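Asks: Start from chain D and add chain G according to the hints.
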Amino acid sequence: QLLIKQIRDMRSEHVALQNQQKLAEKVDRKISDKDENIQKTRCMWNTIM
Amino acid sequence: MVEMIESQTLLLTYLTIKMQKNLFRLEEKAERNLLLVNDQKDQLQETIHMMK
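Sequence lines, in order, name chains D and G. The first sequence: position 17 = 213 (full-length UniProt numbering), numbered continuously. The second sequence: position 15 = 173 (full-length UniProt numbering), numbered continuously.
You may find that some hints are simply not true.
Derived contacts from chain D toward chain G, CB cut-off under 7 Å, selection only [as the list claims (entries may be wrong)]:
#	residue
1	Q197
2	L199
3	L213
Hint data in this document are derived by calculation from the structure and do not stem from the laboratory. The beta carbon of each residue, even a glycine, is placed where N, CA and C say it ideally should be.
If we strip away everything but chain D, and leave its shape as in the complex, we get:
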């Protein structure tokens, strides 16, 4: 009985999370430029300071 209850609860949780991932991937293609933007910003500050 315990195991039945636990599996049911987890299945419900898995569906909820799948709906949230589908909304987030429509935004991400452009990530290949992060480390480069951070270093660029850091460099600009260092130059000013």
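Replies: Just chain G now, kept in the frame of chain D:
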């Protein structure tokens, strides 16, 4: 009187051996079923964690 007690002992002993054999078979089937379900639980838990 000694013959009667021996007959009782025979009945009880027979019942006992018969019950024990059938109980061991159930326990083994039960534990197998629990392990199978537990394994399913474990796979779902890992997938949920990765998504989170």
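Asks: Each of the hints needs a verdict: does it hold here or not?
Replies: Verification of the supplied hints:
With a least beta-carbon distance of about 11 Å to chain G, the hint placing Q197 of chain D at the interface is violated under the 7 Å criterion. Below 7 Å, beta-carbon pairs count as interface contacts, and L199 of chain D has one with chain G at about 5 Å; its hint therefore holds. Interface hint at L213 of chain D: satisfied, since its Cβ lies 4 Å from the closest Cβ of chain G, which is below the 7 Å cut-off.
Hint 1 from the earlier list is the only one contradicted by this structure; the remaining hints agree with it.
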